[PDB]
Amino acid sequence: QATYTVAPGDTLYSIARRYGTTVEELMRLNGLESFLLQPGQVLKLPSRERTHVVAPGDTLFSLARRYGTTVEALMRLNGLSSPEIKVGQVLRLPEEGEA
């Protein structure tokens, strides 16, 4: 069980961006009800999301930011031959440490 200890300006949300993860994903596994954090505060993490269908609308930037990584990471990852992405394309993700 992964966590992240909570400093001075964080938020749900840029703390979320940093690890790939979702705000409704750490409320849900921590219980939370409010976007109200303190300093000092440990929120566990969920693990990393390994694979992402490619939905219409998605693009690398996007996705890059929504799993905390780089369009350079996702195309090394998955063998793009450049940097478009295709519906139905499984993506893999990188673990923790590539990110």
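Which structure goes with the form deposited in another entry, now that we have seen the form deposited in one PDB entry?
We keep it simple here and write out only the one chain, dropping partners and molecules.
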């Protein structure tokens, strides 16, 4: 779960612009009803897909266990047909709930 601390000068639209989301989505995920933002308030950010650059010694199993997902979900997300991975390969990572 990604969050963000509201800084002086921030607004729901100014933050939404940065992280490529909408004002409504920010309010919908935080349960807000007002456009007011207190400096220091913690806002929940819309989930963005994590990423991993395959390093020496990595396996799909180790990466899956590391990022709280499964080998199966990892391969599906990246359209893989075999478990082999190469050093330097960029993998899209499922969410920690196998999502």
